Amino acid sequence: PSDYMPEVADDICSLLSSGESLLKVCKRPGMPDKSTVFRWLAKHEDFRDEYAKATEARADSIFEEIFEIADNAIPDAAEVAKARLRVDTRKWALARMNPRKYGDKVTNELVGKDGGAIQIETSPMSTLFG
Amino acid sequence: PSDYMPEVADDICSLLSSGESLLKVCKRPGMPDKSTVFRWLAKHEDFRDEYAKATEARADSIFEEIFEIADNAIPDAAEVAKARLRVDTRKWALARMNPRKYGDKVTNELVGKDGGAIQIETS
Amino acid sequence: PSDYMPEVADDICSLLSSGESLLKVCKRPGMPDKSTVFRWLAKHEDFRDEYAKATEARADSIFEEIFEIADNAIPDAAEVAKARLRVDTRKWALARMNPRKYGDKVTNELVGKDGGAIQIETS
Amino acid sequence: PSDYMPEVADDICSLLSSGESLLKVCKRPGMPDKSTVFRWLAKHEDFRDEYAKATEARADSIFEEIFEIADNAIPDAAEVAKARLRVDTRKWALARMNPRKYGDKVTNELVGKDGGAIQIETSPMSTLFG
Amino acid sequence: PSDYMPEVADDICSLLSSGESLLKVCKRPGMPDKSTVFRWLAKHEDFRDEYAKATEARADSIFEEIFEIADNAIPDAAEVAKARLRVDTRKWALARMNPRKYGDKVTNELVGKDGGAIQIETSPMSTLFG
Amino acid sequence: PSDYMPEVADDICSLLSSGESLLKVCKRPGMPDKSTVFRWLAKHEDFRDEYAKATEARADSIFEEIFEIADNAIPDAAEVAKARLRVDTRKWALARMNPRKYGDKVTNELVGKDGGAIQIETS
Amino acid sequence: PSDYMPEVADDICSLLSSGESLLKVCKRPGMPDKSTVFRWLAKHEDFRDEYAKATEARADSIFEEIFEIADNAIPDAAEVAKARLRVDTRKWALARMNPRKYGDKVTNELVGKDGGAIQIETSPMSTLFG
Amino acid sequence: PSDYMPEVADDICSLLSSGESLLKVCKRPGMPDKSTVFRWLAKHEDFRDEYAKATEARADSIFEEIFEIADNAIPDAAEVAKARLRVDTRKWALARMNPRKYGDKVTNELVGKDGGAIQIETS
Numbered sequence: 010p011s012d013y014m015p016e017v018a019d020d021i022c023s024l025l026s027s028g029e030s031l032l033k034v035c036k037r038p039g040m041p042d043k044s045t046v047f048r049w050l051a052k053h054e055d056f057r058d059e060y061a062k063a064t065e066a067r068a069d070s071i072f073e074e075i076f077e078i079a080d081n082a083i084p085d086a087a088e089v090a091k092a093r094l095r096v097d098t099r100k101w102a103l104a105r106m107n108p109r110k111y112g113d114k115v116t117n118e119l120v121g122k123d124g125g126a127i128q129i130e131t132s133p134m135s136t137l138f139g
Numbered sequence: 010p011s012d013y014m015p016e017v018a019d020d021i022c023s024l025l026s027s028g029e030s031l032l033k034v035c036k037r038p039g040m041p042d043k044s045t046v047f048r049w050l051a052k053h054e055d056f057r058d059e060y061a062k063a064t065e066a067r068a069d070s071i072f073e074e075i076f077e078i079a080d081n082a083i084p085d086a087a088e089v090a091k092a093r094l095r096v097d098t099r100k101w102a103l104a105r106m107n108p109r110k111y112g113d114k115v116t117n118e119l120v121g122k123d124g125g126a127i128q129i130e131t132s
Numbered sequence: 010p011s012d013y014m015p016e017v018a019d020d021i022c023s024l025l026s027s028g029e030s031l032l033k034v035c036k037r038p039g040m041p042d043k044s045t046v047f048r049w050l051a052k053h054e055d056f057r058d059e060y061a062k063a064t065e066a067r068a069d070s071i072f073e074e075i076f077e078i079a080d081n082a083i084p085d086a087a088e089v090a091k092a093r094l095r096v097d098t099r100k101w102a103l104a105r106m107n108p109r110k111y112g113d114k115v116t117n118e119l120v121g122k123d124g125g126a127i128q129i130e131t132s
Numbered sequence: 010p011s012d013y014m015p016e017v018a019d020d021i022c023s024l025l026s027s028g029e030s031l032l033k034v035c036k037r038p039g040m041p042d043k044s045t046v047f048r049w050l051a052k053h054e055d056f057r058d059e060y061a062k063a064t065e066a067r068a069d070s071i072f073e074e075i076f077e078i079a080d081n082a083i084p085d086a087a088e089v090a091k092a093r094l095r096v097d098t099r100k101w102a103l104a105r106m107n108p109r110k111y112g113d114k115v116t117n118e119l120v121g122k123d124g125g126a127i128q129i130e131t132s133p134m135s136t137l138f139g
Numbered sequence: 010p011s012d013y014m015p016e017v018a019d020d021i022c023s024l025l026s027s028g029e030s031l032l033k034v035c036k037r038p039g040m041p042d043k044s045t046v047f048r049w050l051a052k053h054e055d056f057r058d059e060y061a062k063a064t065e066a067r068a069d070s071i072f073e074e075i076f077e078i079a080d081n082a083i084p085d086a087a088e089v090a091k092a093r094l095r096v097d098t099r100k101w102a103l104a105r106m107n108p109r110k111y112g113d114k115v116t117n118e119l120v121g122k123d124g125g126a127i128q129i130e131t132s133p134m135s136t137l138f139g
Numbered sequence: 010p011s012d013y014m015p016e017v018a019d020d021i022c023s024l025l026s027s028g029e030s031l032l033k034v035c036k037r038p039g040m041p042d043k044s045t046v047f048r049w050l051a052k053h054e055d056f057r058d059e060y061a062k063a064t065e066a067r068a069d070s071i072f073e074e075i076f077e078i079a080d081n082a083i084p085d086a087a088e089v090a091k092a093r094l095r096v097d098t099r100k101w102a103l104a105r106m107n108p109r110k111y112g113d114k115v116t117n118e119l120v121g122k123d124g125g126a127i128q129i130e131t132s
Numbered sequence: 010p011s012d013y014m015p016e017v018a019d020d021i022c023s024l025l026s027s028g029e030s031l032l033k034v035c036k037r038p039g040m041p042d043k044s045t046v047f048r049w050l051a052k053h054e055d056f057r058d059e060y061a062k063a064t065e066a067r068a069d070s071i072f073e074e075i076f077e078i079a080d081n082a083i084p085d086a087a088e089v090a091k092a093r094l095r096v097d098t099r100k101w102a103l104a105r106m107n108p109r110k111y112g113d114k115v116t117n118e119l120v121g122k123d124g125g126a127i128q129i130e131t132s133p134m135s136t137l138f139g
Numbered sequence: 010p011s012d013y014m015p016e017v018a019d020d021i022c023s024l025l026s027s028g029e030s031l032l033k034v035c036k037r038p039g040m041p042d043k044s045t046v047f048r049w050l051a052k053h054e055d056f057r058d059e060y061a062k063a064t065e066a067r068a069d070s071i072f073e074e075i076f077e078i079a080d081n082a083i084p085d086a087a088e089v090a091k092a093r094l095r096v097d098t099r100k101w102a103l104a105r106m107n108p109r110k111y112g113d114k115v116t117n118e119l120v121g122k123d124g125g126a127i128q129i130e131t132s
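Residue numbers (the entry's author numbering), protein chains in the order written: chain A, 10 to 139; chain B, 10 to 132; chain C, 10 to 132; chain D, 10 to 139; chain E, 10 to 139; chain F, 10 to 132; chain G, 10 to 139; chain H, 10 to 132.
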């Protein structure tokens, strides 16, 4: 297909939601190629909105998948390295798909000199940085 | 099974809370598949919260699991590498399951130039 | 071909936007070499912006590419290492092509000493 | 045991305090399984309080243990990798068991443009971010 | 050449702009050695300005080059390691050549205690840090 | 030996202060086991402080130790890996024994967009 | 020696200043053992002051040394790993010996939402965090 | 040669400025050893500054050197590892020789909870 087809768009969203990657999805019988999907996306806001929802679901599916890829890795040096790569790629991607949920988490205890208060001295501007 | 049902949602939760993963929960007869679980969660806020605490409980189980995976690793190159991957994946996941508890911890001592006060100029 | 020409610049863009890299675009008959493309960009602001969105579109294509490179890696030491390099290079590049979208994501919970309020003294 | 048993809870706390991991503890003769311990924990505040103290002690014990795991590692490639994993897992866990004591430590010397003062310009809100 | 030669300076800028490294450029027929280029740079502002432009272009060229070095790496352990080194060296250098464009990119979602507001308590100075 | 006793607590301290680890101190005849040492510390604030300075003194000894471990490493793959683990463990531990002294050190030059002033809007 | 000996203290400072490590220095003919040096340090402020100066010089010497350790490494897998360890250990130590000179260096370009101004909303305290 | 002498100090500088390392400068006949160079620097502020610019010039030479070391690395495991160590050491050193130029570069987009404004409560 080249023409926008909502039925097909819907199927894409469903498959993505389950965790399948776009390139893999576009290899399925009857699917548009990736370039076409991106073009559909550019011109059809209904698809874009559904795609955003599919992306959120996709991330949640991948978050479960990473346990399985690690746990089921074949105990062979190269196969373990590949599992690691598949997992690391997913971890990186998850933070971009849903930054609020899957971004890094840090708690910073902020203290000042010698563990006391943070010491701040304010002055008038000394150069023209306006 | 596709139609949202509490008690089923309550069941899954209790199952996760006891340490069981969502994949295994969904591979049980009568259990909705992963897609259906997520759909539910998305459309039901009460299940979202309850699932969230199951998720926190699950994290506490996984926390103890990583010690076992590390300590009991088979002393062979590929098995140790696999154990490290299993542990690293869990560590990363734990921070997302309970950010306040399992997120990174840093104490930053903030000082100014040469260890003096922090110098600020305001326009 | 050295003289700046829209529609040619529009062409390159559309080509990048569809996922094609600048090297391949420039290795096409009639296409300006890389140096000439950059010269154009530098002296024409309208091409700079248009190229910038081609660049963002290109990033979205590369994002999907990294899954394929990782998942389809040949299970051999050197090939897996090469796949990892291809992926790491793309991940790094993506952040620069669209910083707001593909940059690192951190949530920092900022607290004060012993988890109390952040203590500040001002002069 | 399934029913809450303070005597057993107390023994768990003692063993944990000495650095032993929960899963290992639950393998000892007569111990409840991990799921049960977690259930005891959920319903009994007396156990939760004692468990928090045991967790603090556990971390202090592990902090000493890491030197030994490294120093005593068998000089074999795989055995060294495993020691490293056991150590790295403990380092990560310690920061979560007692963030104030075992979290990362950084001193940030904060300066501004060209090593001068930090330059700040304040303006009225330009959008409705309230 | 030892004496400053604008024609030669111009050629250097052109080659650098295309992504070639200075040391490699200075190995070309008729080129000054690196020390001389640096001396030309120190004394001739016209060259310095053109060199800054060449450095910006150089970075943009290298940014494309890294894909090729990775993608075309010979699938041999040592050759992959070398490609990685060539790539990592370029990534590091790019951020220094154009920090605004090629520096690291981070989005920090800043929150306070327990996910609420950031809690700040101000006090009068308690020591003489003026 | 379980009952808290100064001079014994003073002894342990002096022992740690001289570089000796708590494991070795506790493996000496007449010495309380690790559990008992910690119990003491927890219930006695004076021992807590004194032990804290023994800990800082111990850190200074370990600091010099890491040079020796690195420089004198046996030039064999597994031994070098073990030496690196011994050193990395010590480096990590040093930061916790004396955060102000052995913590990470960063100088952050803070600037605003495009290297201009930091732009803030306040509501 | 056990008794404090300024002549010996001075020699220690000289050797340290040149980059030699304390443990190595204490192996030299006639030197006190490390424990003794630390005890001398604790009780003699004149030695402490000279030792601080020696530590600064030591770091500057080590900063040059790292180039040599890397550049001269025997091209053998294990020997390269050891050189790396010797170098990494020195890099870490340098930042602690002189944090201002040898600490990490970062320039943070701080911007706000969507690349605009940093958006801050202040409110009255909502809990008693005083 | 131990007594501080300008022109000698000027010489060393010019030598460093041209890319030569302090070790080589000091291994030249008539040149003070490293200890003496440092002593000088410590007691003479004018030499400190001049040496500082030699150091910045040296950094610019090393910057170009790392490309050569990486690109011309012998395609053998141990040689590539050695080249990587030589490069990593230089990269680390460059940041200390000229922090403003060769330090790390980060752009932090600072936002508040859920991407809204940064929320602050003041006491």
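Misleading hints may appear alongside valid ones.
[To be verified] Okay, derived cross-link-like pairs now, DMTMM-like style, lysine to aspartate or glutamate, Cα gap no bigger than 20 Å in a straight line:
| id | chain 1 | residue 1 | chain 2 | residue 2 |
| --- | --- | --- | --- | --- |
| 1 | G | 43 | F | 29 |
| 2 | A | 62 | A | 97 |
| 3 | C | 100 | E | 80 |
| 4 | G | 62 | H | 69 |
| 5 | D | 36 | D | 55 |
| 6 | D | 33 | B | 20 |
Please keep in mind that the hints were generated in silico from the structure rather than gathered at the bench.
Checked hints:
no. : hint             : result
1   : 43(G) <-> 29(F)  : 12 Å, holds
2   : 62(A) <-> 97(A)  : 23 Å, violated
3   : 100(C) <-> 80(E) : 14 Å, holds
4   : 62(G) <-> 69(H)  : 29 Å, violated
5   : 36(D) <-> 55(D)  : 23 Å, violated
6   : 33(D) <-> 20(B)  : 28 Å, violated
In terms of the numbered hints stated before, the structure departs from hints 2, 4, 5, 6, listed from lowest to highest.
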